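The chain that follows stands alone, in the form deposited in one PDB entry, written as structure tokens.
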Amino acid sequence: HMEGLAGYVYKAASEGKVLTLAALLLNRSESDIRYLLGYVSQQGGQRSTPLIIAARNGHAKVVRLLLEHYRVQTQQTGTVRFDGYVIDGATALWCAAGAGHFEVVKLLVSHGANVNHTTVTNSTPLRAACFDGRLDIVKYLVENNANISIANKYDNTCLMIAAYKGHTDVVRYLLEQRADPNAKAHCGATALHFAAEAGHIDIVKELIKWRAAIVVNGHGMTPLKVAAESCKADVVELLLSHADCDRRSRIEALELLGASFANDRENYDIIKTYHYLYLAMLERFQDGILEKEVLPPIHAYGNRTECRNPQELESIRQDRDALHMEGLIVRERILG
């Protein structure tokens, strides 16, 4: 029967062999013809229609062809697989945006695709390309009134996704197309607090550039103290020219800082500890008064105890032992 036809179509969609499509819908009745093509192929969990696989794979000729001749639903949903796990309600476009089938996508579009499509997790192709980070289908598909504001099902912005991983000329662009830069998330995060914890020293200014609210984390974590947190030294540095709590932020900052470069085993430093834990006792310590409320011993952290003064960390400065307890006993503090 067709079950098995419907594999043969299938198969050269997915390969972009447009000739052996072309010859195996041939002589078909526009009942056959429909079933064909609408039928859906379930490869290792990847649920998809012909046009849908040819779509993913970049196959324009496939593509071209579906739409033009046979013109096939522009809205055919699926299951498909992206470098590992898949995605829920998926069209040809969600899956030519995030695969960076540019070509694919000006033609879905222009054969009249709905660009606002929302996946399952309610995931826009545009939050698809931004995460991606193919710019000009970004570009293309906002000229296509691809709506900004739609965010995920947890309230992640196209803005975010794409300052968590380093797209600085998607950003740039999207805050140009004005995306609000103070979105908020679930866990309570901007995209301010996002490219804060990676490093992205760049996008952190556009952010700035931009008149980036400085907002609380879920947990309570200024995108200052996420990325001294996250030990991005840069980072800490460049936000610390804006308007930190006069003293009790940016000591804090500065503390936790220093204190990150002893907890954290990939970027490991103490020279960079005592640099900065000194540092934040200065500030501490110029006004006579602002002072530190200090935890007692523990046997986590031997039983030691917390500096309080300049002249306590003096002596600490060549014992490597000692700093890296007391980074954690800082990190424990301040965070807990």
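What we label the rigid core is the largest C-alpha set whose atoms superpose within 1.5 Å from one form to the other. Numbering follows the first chain given and starts at 1. What changes on going to the form deposited in another entry:
Among the residues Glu252, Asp244, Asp132, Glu229, the single one whose Cα moves by at least 2 Å between these two forms, once the core is superposed, is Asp244. If you fit the rigid core between these two forms, you'll see the Cα of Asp32 move by less than 2 angstroms. After superposition on the rigid core, displacement of the C-alpha of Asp269 between these two forms stays below 2 Å.
Once the rigid core is used as the reference frame, the Cα position of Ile298 differs between these two forms by 2 Å or more.
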The other form holds:
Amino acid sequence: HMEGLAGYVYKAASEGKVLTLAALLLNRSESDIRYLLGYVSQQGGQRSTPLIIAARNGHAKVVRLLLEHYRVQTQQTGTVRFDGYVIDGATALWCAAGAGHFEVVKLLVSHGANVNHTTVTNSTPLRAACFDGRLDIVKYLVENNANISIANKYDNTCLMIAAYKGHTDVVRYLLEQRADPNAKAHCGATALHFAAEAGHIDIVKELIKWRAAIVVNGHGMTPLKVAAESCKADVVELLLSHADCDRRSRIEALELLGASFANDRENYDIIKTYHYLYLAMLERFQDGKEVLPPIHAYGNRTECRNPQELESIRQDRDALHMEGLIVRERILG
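Which structure goes with the form deposited in another entry, now that we have seen the form deposited in one PDB entry?
Only a single chain is listed, so you will not see partners or other molecules.
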């Protein structure tokens, strides 16, 4: 078939048997060698070349040989599985970046690989490194002119995904490299929203430390409101020690957060419900409009209005729960 030996070459590459590879290649014509190494191979659904799976599997030895003696294109693209998913438009450098194989990444950059290559999703190898969180690669990739500002097909910046996958030190890095903190995603989010919802205290600090705009996302939710709906009390108290938000905004977050302690399934604390809801009851000579009891839901109940109204519920494990659901419906729908 001739293409059957192509599979043997792909095998040794994927398996890192650089011995097996070398002995397969030598004594063949350039016509032959360009083919064998150019063969796109669909092991299952994943279409890739010998160079790629080696970088995808961190096999430096075979990668070095392929890049030098046989002189293979670094721009070869394919479609590689990562945690079940098939990503498309990926080069060997995109694979080694996400796969955490530094030595291969260096090699691949050393032999003239596009550090700014975009996948079909428009994911730079720097993004893959940011998703994975291997700071050495990010450092190296950036120090070799990987553009930090190119983003996802949905404008998900390298900074966001790292703020999402809690890569605190990678985040501080991108920030030191003056990554734009107030870049906004399609859904309207900033890296603050991502970090707040994910409860990454350290990252929220660095984000605010770099003059993070408190922007409103596509849902119309500040990172404060998001972090309270995701029931991330720690974050919510941090952000609230930076005025910026009104008195209305400060209360809504408190109530929301308190509500999210009774609606949340994982974290659930009716004591922490009667705390953020009692705090919310603000006074002076001015106050703050409830809704009708639902056709049957929520036990046909009305939210508390007086601070005295609320106090009487400190001890009703049940009614407090119901109160939280009512509060959520008000500030959500």
